[PDB]
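Spelled out, the chains give:
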Amino acid sequence: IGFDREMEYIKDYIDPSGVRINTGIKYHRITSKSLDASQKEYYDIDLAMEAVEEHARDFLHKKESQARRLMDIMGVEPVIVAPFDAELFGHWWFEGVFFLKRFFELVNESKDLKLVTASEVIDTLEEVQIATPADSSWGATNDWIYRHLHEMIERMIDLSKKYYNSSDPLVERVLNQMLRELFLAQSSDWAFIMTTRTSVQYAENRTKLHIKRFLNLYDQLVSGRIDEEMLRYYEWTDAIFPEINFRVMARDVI
Amino acid sequence: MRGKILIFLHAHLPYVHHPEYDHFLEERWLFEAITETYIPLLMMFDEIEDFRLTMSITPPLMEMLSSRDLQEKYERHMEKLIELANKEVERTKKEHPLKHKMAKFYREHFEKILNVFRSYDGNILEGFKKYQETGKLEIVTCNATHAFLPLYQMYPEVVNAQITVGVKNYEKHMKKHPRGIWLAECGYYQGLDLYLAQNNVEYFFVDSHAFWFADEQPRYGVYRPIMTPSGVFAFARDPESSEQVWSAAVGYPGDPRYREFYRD
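Chains as they are written, first to last, in the deposited numbering: chain X, 265 to 404, 415 to 528; chain X', 1 to 264. A prime marks a further copy of an entry chain.
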């Protein structure tokens, strides 16, 4: 309705800038494969529930079928690992948690299938093979950012060792915020993100912002001119791990 | 009898204060203005035997020059620059002799500048204040934020507050009420002299069109001030002494013997 409702009606639920955005109250169903979004029909939550009921039994029958085939080929119970982005359930797909609930209840009734958590399985399994996993990920210039990351990590390590035994709580606050800044600049989100309406823009702006904040602190530290008001500004805006200790960076490796 | 020459310099920069960063791009404008213009004026007032000059120092610019975090940043900028000056006097030694010679001029000059800045404990307003006390310099205020007042004429509260805030801000730094004011862009609309009178302002500056287009033109044109009915004196720009005389395209600064700005 933030795109549909009249501007005077909708003004103080969109952006203070006056730009149209999503409100969270939405009235249409997907309707069809049409590219003409104006032809979309109104949402009926009862039909939507009928869809989840069908889909949840589709998925159930697929997992039972897969289980039985695997038991017969394996001779032990398969553990079927199925990870999803959380926001896929309820956010991208409004009915997702409803689906999750129906699928759980169905699996609960199933004679072919059990829901397990991952810690239940490590606590229960007696035969498990030993193996070493290959380099991998679940995977999908611009190198001013990289040489800066390189120098920040290298510098962060130096200073954490250099001030390992310091008891100066100002230097410590500074080093602690440097690490936060460094970590904040490392967010994968800012790099090859899972940003919805993100666009490589707020993102590389994020990265550089944290790089710059880190270099500011580095400069004040290295030269005696710690600027306490700026540091407090940084502590406030970039407040992530209050309990952090820069000394994590001075530990051995290998 | 002798003709009277009134040279007026408008010294303004927007308030740009970014204490969240350690070097910010638009804080360098201030540093170049201090280095290139404000301190060399000070040096010139000191060196010359006698002068008479009127200038504005706008409240945004007074507020920046007095800010003792900017003074610290400027001092550190000036040292970075004298360090570069030195790197340059050696690197130039086997290059062109003009170029070598300039690098040494630059070293001595920058040292001199930072030294004047230190003479004043880094508040150069103290230097300008001291020349006002002699009567050789006259410093007028400006509206608080260099807003263009004719844009806001329908909002007399913001207009008059623009004026008063400037006036008080000047008092704070200068320890004296301002007598004259420079309006941003000489933006003047009819009635504004009243607020100036309410603010105890004695004189302002207008564009030539303020006299030419008056209901009856002033008898001596732009070559004598007028007094508004309210008792406020207005000084109109000599259009024969316009911007063009200082144009690089058509005026003195465009002379081939002068230092090129866009090579660095």
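No wet-lab data here; the hints were simulated from the structure.
Errors might be hidden in some of the hints.
Stated by the list, open to error - 27 Å max Cα-Cα, derived DSS-like pairs, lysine-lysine:
#1 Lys172(X') - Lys73(X')
#2 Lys73(X') - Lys87(X')
#3 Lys80(X') - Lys482(X)
#4 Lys375(X) - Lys327(X)
#5 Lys101(X') - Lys80(X')
#6 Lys104(X') - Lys486(X)
#7 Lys104(X') - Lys94(X')
#8 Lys73(X') - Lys482(X)
#9 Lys486(X) - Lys436(X)
#10 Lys80(X') - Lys486(X)
#11 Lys326(X) - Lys297(X)
#12 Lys435(X) - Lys375(X)
Hints, one by one, checked against the model:
Only pairs whose Cα atoms come within 27 Å are accepted, and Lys172(X') paired with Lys73(X') is accepted, the gap being roughly 23 Å. With a CA separation close to 21 Å, the supplied pair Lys73(X') and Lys87(X') stays within the 27 Å bound. At most 27 Å may separate the alpha-carbon atoms for a hinted pair to count; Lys80(X') and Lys482(X) meet this at roughly 24 Å. Distance check on the hinted pair: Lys375(X) and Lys327(X) sit about 12 Å apart at the alpha-carbon level, within 27 Å; holds.
For the suggested pair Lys101(X') and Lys80(X'), the alpha carbons sit about 20 Å apart, so the restraint of at most 27 Å is met. Taking the CA atoms of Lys104(X') and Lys486(X), the gap is about 34 Å. The hint is violated against a cut of 27 Å. Between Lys104(X') and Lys94(X') the alpha-carbon distance is near 14 Å, which keeps this suggested pair within the 27 Å criterion. Only pairs whose Cα atoms come within 27 Å are accepted, and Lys73(X') paired with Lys482(X) is accepted, the gap being roughly 22 Å.
Between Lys486(X) and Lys436(X) the alpha-carbon distance is near 22 Å, which keeps this suggested pair within the 27 Å criterion. Between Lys80(X') and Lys486(X) the CA atoms are separated by roughly 19 Å; this keeps the pair inside 27 Å, and the hint holds. Between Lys326(X) and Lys297(X), the direct Cα distance comes to roughly 25 Å. Compliance with the 27 Å bound is thereby established for this hinted pair. With a C-alpha separation of about 58 Å, the suggested pairing of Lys435(X) with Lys375(X) is violated against the 27 Å cut-off.
In the structure shown, a violation is registered for the earlier hints numbered 6, 12, in ascending order.
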